[PDB]
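Protein chains: 2
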Amino acid sequence: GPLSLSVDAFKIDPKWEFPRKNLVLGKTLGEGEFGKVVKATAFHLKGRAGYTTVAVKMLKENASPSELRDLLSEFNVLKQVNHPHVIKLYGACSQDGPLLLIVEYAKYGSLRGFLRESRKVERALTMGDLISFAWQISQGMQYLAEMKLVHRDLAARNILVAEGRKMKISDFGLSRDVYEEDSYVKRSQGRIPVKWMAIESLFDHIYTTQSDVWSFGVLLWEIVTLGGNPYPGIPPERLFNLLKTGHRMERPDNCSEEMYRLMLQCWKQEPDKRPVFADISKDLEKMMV
Amino acid sequence: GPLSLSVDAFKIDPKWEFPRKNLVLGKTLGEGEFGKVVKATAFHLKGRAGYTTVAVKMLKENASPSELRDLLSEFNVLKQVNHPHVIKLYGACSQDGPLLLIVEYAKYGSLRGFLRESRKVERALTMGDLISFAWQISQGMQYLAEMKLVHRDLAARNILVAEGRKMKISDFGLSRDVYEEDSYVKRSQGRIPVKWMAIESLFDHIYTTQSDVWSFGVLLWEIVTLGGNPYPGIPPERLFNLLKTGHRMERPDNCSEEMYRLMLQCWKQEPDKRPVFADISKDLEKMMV
Ligand SMILES: COc1cc2ncnc(Nc3cccc(O)c3)c2cc1OC
Ligand SMILES: COc1cc2ncnc(Nc3cccc(O)c3)c2cc1OC
Numbered sequence: 001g002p003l004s005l006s007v008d009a010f011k012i013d014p015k016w017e018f019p020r021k022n023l024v025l026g027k028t029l030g031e032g033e034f035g036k037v038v039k040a041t042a043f044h045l046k047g048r049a050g051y052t053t054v055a056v057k058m059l060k061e062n063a064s065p066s067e068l069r070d071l072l073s074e075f076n077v078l079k080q081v082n083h084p085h086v087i088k089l090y091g092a093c094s095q096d097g098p099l100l101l102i103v104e105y106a107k108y109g110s111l112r113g114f115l116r117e118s119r120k121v122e123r124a125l126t127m128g129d130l131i132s133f134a135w136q137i138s139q140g141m142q143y144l145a146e147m148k149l150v151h152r153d154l155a156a157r158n159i160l161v162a163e164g165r166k167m168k169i170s171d172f173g174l175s176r177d178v179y180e181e182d183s184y185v186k187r188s189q190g191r192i193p194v195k196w197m198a199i200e201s202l203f204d205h206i207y208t209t210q211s212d213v214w215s216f217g218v219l220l221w222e223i224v225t226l227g228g229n230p231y232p233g234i235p236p237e238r239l240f241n242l243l244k245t246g247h248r249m250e251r252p253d254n255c256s257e258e259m260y261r262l263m264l265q266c267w268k269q270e271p272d273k274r275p276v277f278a279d280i281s282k283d284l285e286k287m288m289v
Numbered sequence: 001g002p003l004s005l006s007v008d009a010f011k012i013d014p015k016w017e018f019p020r021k022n023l024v025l026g027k028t029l030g031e032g033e034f035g036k037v038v039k040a041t042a043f044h045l046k047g048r049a050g051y052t053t054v055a056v057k058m059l060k061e062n063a064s065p066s067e068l069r070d071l072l073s074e075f076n077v078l079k080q081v082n083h084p085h086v087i088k089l090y091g092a093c094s095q096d097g098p099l100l101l102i103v104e105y106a107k108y109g110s111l112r113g114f115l116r117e118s119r120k121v122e123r124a125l126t127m128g129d130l131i132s133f134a135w136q137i138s139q140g141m142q143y144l145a146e147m148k149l150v151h152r153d154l155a156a157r158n159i160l161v162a163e164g165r166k167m168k169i170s171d172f173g174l175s176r177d178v179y180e181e182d183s184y185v186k187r188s189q190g191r192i193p194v195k196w197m198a199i200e201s202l203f204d205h206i207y208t209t210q211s212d213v214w215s216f217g218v219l220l221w222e223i224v225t226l227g228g229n230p231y232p233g234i235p236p237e238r239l240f241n242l243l244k245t246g247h248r249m250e251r252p253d254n255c256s257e258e259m260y261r262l263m264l265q266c267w268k269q270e271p272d273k274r275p276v277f278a279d280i281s282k283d284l285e286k287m288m289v
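Protein chains in written order, with the working numbering: chain A, 1 to 289; chain B, 1 to 289.
Next up, chain A with everything else stripped away, as it sits in the complex:
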């Protein structure tokens, strides 16, 4: 089938191959049902003398076709992208052993866990900080969209925070190239969370840069609420009727009107009525001036 072709084809880019003997794996940083990200250290990694701390993504022993395909897909995409706010691939291990992805280590972990820790007990997160984060992410999406690449899974859990509070879009296992037709379409049910998908993605299984914009709107919401849960208290299965009747999330207690207006814009029913990521950056910049 399609996956076995990809697996066999993978066997036959030496630039990205790292020797397993140079890699030492540490504690788990995060897990899922079929795969996990682990802390690791790499000896003589790409012209860097000595050991370099890194993150490593792998499957679990009981991984499925879907999870395997996602890993192969994430590697394939990451080889093509270089941007300050997109996570950086170093290489992979696939010869004699489990497939491992090696990326630059992100100091503070996911943006969601970072924001939620921030609301407890060196410096407190200001509004200007939150706007800075959104803008950094907006810039990265402006880069991806300009390559006609759709992420399909924008969410605070899928953004990483590195040294000096720099945003890193991660988790590219579901992203697709849409150069030809400008849309990606999945016939079966996605493995993307209901509460983050756009109305046309949820109902029609249609994914575009403009649907990425919708997800960025929910991401704006997570940020402003310091890691809140979208549509709080509402069951995911109710989103169909709720969105189809024109309902949207309400303004968070700690959210400016200017920011909420942007959220609502990202959530327009007509996908072309939504702003593009270039507009979002421009909007966010005006907010800090």
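One or more of the hints may lead you astray.
As the list claims (entries may be wrong) - Reference excerpt, derived from the structure (chain A facing chain B, CB under 8 angstroms, subset only): (1) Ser4; (2) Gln95; (3) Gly190; (4) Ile192; (5) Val194; (6) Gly228; (7) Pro235.
It is worth saying that the hints were derived from the structure and are not from the lab. The C-beta atom is built at its ideal place from N, Cα and C for all residues, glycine as well.
On the provided structure of chain A, position chain B with the ligands as indicated by the hints.
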């Protein structure tokens, strides 16, 4: 889309509806990336006076289309099956609140966790016990197959152990009816673990009762090793080449020849060269005589 139709159609069988006010939810018994099973207690459940202890399956807040569809699918199947070795549905809550599935509580939990606990520190599991378990499960599959229902996810983690060590096949979210064409076919990548799928399911995405037989073979293996990991040390992505070149798992240190021969039979390349569940029961019965 297909899911939204199912969601709307669900709104409009009163026999299975339980009042949420009669249900108290307890601790988590098991979790996944998009859903969990919880311990619960039900007041006046189906003609049973007072409180009844039960298990409840629900989604998590960030559930996806796939996970929602699986829950709706599991409920729909469970309404149709009644068997001593198939888990028993009591009802569901879907009005004003999150969808919840209510089933009979299983004392010792999953068969995998039960077998693994058994290999530590009232009575020890004998060989006769393990053969008894396989036979109980074989009987349940003989019931499902006779209804032309394919489980698609036979595994020790998906079997439950109730009072008096009685086996209960669970997790029917992926099972499909195959009355018409005798085969179910998935165009996209399954969410079933690689190491449990049959050679034609893994490569060709083809699922039948005979592929259920293949999975029962791996299940036989888990049991005999008291919850061992299939193809130990071998990366899932290597299963394609390994199975296509005719390799199979070797005989476990604590496994009789008679039992291993059955495993090998379940693992024949030609699906019709495999035994049917009626033969497996007969084989297992001869083993205890
Ligand atoms: C400090 O915590 C973390 C640090 C991380 N640093 C880098 N990558 C990660 N994840 C990653 C790596 C490769 C691919 C991919 O999609 C995601 C990390 C995850 C962490 O925690 C979960
Ligand atoms: C004592 O532990 C457990 C007891 C359980 N008892 C019943 N059902 C369960 N699971 C269930 C319920 C409904 C549908 C379905 O597919 C699975 C259980 C799970 C447990 O642990 C995970």
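Hint check:
1. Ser4: holds, 5 angstroms
2. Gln95: violated, 11 angstroms
3. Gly190: Since the shortest Cβ distance to chain B is 5 angstroms, the answer is holds.
4. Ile192: holds, 6 angstroms
5. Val194: holds, 6 angstroms
6. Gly228: violated, 11 angstroms
7. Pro235: holds, 4 angstroms
Comparing the model with each earlier hint shows violations of hints 2 and 6; every other hint is respected.
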